[PDB]
Amino acid sequence: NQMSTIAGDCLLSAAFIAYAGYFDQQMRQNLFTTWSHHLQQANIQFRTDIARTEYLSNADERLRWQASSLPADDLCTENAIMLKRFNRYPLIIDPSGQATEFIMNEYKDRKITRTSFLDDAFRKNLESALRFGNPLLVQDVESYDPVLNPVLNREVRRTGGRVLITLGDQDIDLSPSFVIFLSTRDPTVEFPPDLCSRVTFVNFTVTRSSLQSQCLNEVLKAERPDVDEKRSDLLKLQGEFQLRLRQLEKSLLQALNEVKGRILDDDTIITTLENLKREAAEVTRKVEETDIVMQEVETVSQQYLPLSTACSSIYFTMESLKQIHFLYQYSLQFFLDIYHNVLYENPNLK
Amino acid sequence: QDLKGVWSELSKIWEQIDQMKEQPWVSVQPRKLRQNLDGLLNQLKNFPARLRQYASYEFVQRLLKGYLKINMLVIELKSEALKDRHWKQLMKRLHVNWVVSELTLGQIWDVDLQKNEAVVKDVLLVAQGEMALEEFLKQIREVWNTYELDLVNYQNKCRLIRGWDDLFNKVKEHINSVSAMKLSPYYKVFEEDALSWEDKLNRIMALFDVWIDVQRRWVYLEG
Amino acid sequence: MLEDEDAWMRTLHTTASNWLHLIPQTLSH
Amino acid sequence: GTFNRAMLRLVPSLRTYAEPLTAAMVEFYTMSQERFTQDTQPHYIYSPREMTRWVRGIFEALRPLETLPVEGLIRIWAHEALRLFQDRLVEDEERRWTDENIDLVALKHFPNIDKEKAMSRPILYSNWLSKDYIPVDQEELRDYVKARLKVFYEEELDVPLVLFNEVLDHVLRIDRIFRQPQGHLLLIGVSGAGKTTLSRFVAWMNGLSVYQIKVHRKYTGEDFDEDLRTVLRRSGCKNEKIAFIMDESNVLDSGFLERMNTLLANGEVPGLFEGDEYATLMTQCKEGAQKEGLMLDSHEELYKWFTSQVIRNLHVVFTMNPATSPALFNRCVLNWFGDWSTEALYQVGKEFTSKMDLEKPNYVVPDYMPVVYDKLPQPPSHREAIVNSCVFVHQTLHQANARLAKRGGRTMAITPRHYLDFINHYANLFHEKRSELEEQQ
Ligand SMILES: Nc1ncnc2c1ncn2[C@@H]1O[C@H](COP(=O)(O)OP(=O)(O)NP(=O)(O)O)[C@@H](O)[C@H]1O
Ligand SMILES: [Mg+2]
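Protein chains in written order, with the numbering used here: chain A, 21 to 370; chain B, 680 to 902; chain C, 6 to 34; chain D, 1066 to 1506.
The set of hints was computed from the structure by calculation and includes no laboratory data. Even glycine gets a Cβ: it sits at the ideal position worked out from N, Cα and C. Hints may contain errors.
Restricting the straight-line Cα-Cα distance to at most 30 Å, the calculated cross-link-like pairs of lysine-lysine (DSSO-like) are [what the hints assert, rightly or not]:
(1) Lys-104(A) <-> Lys-1415(D)
(2) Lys-1498(D) <-> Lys-256(A)
(3) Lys-1196(D) <-> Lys-849(B)
(4) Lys-1425(D) <-> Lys-748(B)
(5) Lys-711(B) <-> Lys-1498(D)
(6) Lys-867(B) <-> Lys-131(A)
(7) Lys-128(A) <-> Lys-800(B)
(8) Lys-748(B) <-> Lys-1283(D)
(9) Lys-800(B) <-> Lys-1283(D)
(10) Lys-144(A) <-> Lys-861(B)
(11) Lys-128(A) <-> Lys-1498(D)
(12) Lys-800(B) <-> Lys-144(A)
(13) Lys-104(A) <-> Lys-794(B)
(14) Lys-762(B) <-> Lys-748(B)
(15) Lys-757(B) <-> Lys-1196(D)
(16) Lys-800(B) <-> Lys-1303(D)
(17) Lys-342(A) <-> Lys-1440(D)
(18) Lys-1420(D) <-> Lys-724(B)
(19) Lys-724(B) <-> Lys-1425(D)
(20) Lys-1283(D) <-> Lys-849(B)
(21) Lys-861(B) <-> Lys-131(A)
(22) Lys-144(A) <-> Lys-794(B)
(23) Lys-370(A) <-> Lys-241(A)
(24) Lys-711(B) <-> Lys-1283(D)
(25) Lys-104(A) <-> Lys-800(B)
(26) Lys-817(B) <-> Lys-849(B)
(27) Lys-104(A) <-> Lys-861(B)
(28) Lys-1279(D) <-> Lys-144(A)
(29) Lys-794(B) <-> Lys-757(B)
(30) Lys-767(B) <-> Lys-794(B)
(31) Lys-144(A) <-> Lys-683(B)
(32) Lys-1303(D) <-> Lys-711(B)
(33) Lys-748(B) <-> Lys-724(B)
(34) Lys-1215(D) <-> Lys-1196(D)
(35) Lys-711(B) <-> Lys-131(A)
(36) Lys-1283(D) <-> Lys-794(B)
Anything over 10 Å on all C-beta distances counts as not near chain A; from chain B, calculated [what the hints assert, rightly or not]:
(37) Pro-727
(38) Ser-735
(39) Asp-763
(40) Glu-871
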């Protein structure tokens, strides 16, 4: 069946990676829904519930990202996936800088160098990155220097036995281990279609819908832990449960390799099989009850949706308050502190 | 009969193949190799359809197609980046006992380049990065062996040094670039040389860091 | 606008049309 | 009329057609100049330079040929009209108008002519498959350029290229430019369309040596002068064909463009070679003239020969996106790279998704299938449906950006590079997931 389904799954996932990334969470979801509706209209088989984060990543990489400074949000996980499976050098549009720090942490072992377009020594550092093969994160891309056009477009000339790229007046030997991450902290920035063609946009900007989803997830985690666990089980059922099941299958095969006398020394090895069977039954049950749990979690999410919309509206009023007076600078972390105070350390809830 | 004729044609095809393979690797030109490989393919197509149905003809045709398929890897292998050390890496990984002087296109063709594309590509990426390092060191050696201090007469008393900004920019750029080299994933063979250059660069910097100072003071003081 | 982004276009269009209606088209020198 | 009489002096059979042809030329030129103005598009400039380019194109097409019928002359007239007027046009209705009026003007001034023989929908000219610049059919051109793209995969760049109709038309236009006297091209169009790729491909295909300016931090006009000295020395003295490719990374400095205009117009830069440089230029020009077989001795005649060689050898290819002076627009032959059409997207998808499995024998064709490629085969297969869905995804990004722009939000441009990225991602993901499931199985 998954053979039957992979064509549509990969079409949708590739479209999401290549095309979405500048748009907000609702706009990405609208695009994905349009593509899914078209694929359904043409009888192209795909899974009805495509979990993009779990389809394009595994638990190990997500845990490694959480070890780095990647916030545990759906938008941030999707953005990290785009930052992983990119064919064009990405342009990060985070307004806060968490994504830049995530990029530095990810490529710390590869000796990533942070530079800015405003720096006068930018070009020189870039040359080094091009020549010695080191990841480079260039910030302040709103003042993009067109000299980077050949580098982003990967226009190389293979004269002699040396591969060249024209940077400024000098032809730099491009190295195989080169990667560059463009970055900016300005959400309201317009780029020329040239740069738009040479880079893939990865937007970390917090919008009304992104913060609404964050607040809804935090309400579900705080006040309905059972429903949050069930939703996490839905996300894990897209391959994580089967991944651990096949890992236990491999362990059972390894144990079954060493069978000589000790198979019937106690003749109680069946326990391990039982264990797998038990977990198999468990995941089978989670497969059979999937629709019921989806309905349950959707109803519970609709219960706390108005509170999430209220939180988003409150934060954006707080953010817009800077127009009334220059002292009214309130960060997203300040609102999140208010919101966690309301949720966890609220004496009224006791 | 037809089988005897196709056997004879097959032998003639193999003659062209063997003559092609005996060409030494030093003189192998990939473009002319592609031209001849195509010509050999054309000869196969010329054979009548009845002779083309034979299994041996199909085997030769798909082999020659494979030669043209790995022809790309032939241009990529016949490069100046590959040196001897990277050829030694292929030597070791391909578990084949080749002789570089006696190396011919036939030995490389017999080794399945299509099956070992990853091995060749990996060696070639290493060669590209290390040749980038080597040519940067070549640029350093050239510039710092042909670079002369600019001297301008100063009130018919001495020839002072002009161009401090350019010299300092060059020295700082090269020091930063050698430091970045020290972080390169291919900085293994070029270690010692880089270190030596680093030392020289530092000395240069250090020397001029005092030289300009002295000059400035002297100028002021003589005034 | 910044407090709630989504209605503003239609209201601004109507307001500017009314302003164009009230403001005389030309002033004679 | 004087120019056309001088041109048709070669073929006496077309002499009586010197007066009508000119009239037709003039009429069409006037029509275009009235129809298309710089208010719509800044490059819609028309001048007697376009008419001189028209005469030069007909002259170059008629010079080697011993004889032509009147239908052949009208066909080459229409071909040059299309290459000089329809190429610059951005919108489709303008191109349709130009194509229709070309026929009207031709027949109006050339009555009693076999329209079918003198006018086929794919008017096409190239000497790639022959010895002379004769008309040639679409299919053999497509085959020849596909073979040359296969060659161009090995030598130079290795990234694959797809030859759809727009690409092949632009290849033929750039080839025509590279075979014209002082033929300079301006590829104006959207980013990611393939302007640099096709310019370099045609330059390699015709044997031209690609030379590009490498501007830097505070690029000096003296450096640009030295680059021009090298380029003209190679083009004129060394008899080397050069494709002088320039992109907006260095075109944005108009100080170099206004000096480039002299070479674009006259074929020489007076004051570029002076003193010692002029003496060496004269020496090398004398050597080249003797090598070719001219014992020209006077410096003025040597400079004239050098200018002629630069005219016939050096071609400048400007590449820009839709500031630039109208003089530069009028000095260069204008070509427009539009965003890839639905057919182009479908062809690129089919070619780039050909290694994929994408084949379900039990695929069921859904009644009233959502179709975005009009010429898609009916009933479609699974692979055809997949490529149709890919084209639909690109079109949905375009519609989404249009809707966001209408609502007032900030939008980014969806270039064909996005489509190539999406197809590459599809290939990588499909192969990866298939490999994972196969190893699991
Ligand atoms: N016909 C084609 N088929 C496949 N890929 C193509 C084609 N034309 C262009 N490309 C790809 O387009 C990419 C870059 O576009 P390029 O040829 O640089 O366009 P451009 O018009 O020069 N862009 P810009 O300089 O930003 O205006 C390359 O990776 C090419 O492989
Ligand atoms: Mg370009």
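May I ask you to check that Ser-735(B) keeps its beta-carbon over 10 Å from the closest beta-carbon of chain A? holds, 37 Å
Beyond 10 Å on every Cβ pair: is that true for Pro-727(B) relative to chain A? holds, 42 Å
Within a Cα-Cα threshold of 30 Å, do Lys-1283(D) and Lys-794(B) meet the stated pairing? This hinted pair is violated, its Cα atoms lying about 50 Å apart.
Just to be careful, I want the Cα atoms of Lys-104(A) and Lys-794(B) compared with a cutoff of 30 Å; is the pair within it? holds, 28 Å
Measure nothing beyond the straight line between the CA atoms of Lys-724(B) and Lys-1425(D); if it is 30 Å or shorter, mark the hint as holding. Not satisfied, since the Cα-Cα distance of roughly 33 Å exceeds 30 Å.
Tell me if the straight-line CA distance from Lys-767(B) to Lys-794(B) falls inside 30 Å. Roughly 19 Å separates the two Cα atoms, so the pair holds.
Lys-800(B) and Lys-144(A) were given as a pair; does the straight-line alpha-carbon distance stay at or below 30 Å? Cα-Cα ~29 Å, so holds.
Checking one constraint from the list: CA of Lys-1498(D) to CA of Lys-256(A), max 30 Å. Satisfied? holds, 18 Å
With the threshold set at 30 Å, check whether the alpha-carbon distance from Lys-1279(D) to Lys-144(A) stays at or below it. holds, 16 Å
Is the hinted pair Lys-104(A) and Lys-1415(D) satisfied, with a Cα-Cα distance of at most 30 Å? With Cα atoms ~26 Å apart, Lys-104(A) and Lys-1415(D) stay inside 30 Å; holds.
Given the hint that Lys-762(B) pairs with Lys-748(B), test it: the Cα-Cα distance must not exceed 30 Å. OK: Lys-762(B) and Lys-748(B) at ~24 Å, within 30 Å.
Hint consistency between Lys-1303(D) and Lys-711(B) [alpha-carbon to alpha-carbon, up to 30 Å]: Holds: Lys-1303(D) and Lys-711(B) sit about 27 Å apart, inside 30 Å.
Hint check: violations occur at hints 3, 5, 8, 9, 15, 16, 17, 19, 22, 24, 31, 35 and 36; the rest are consistent with the structure.
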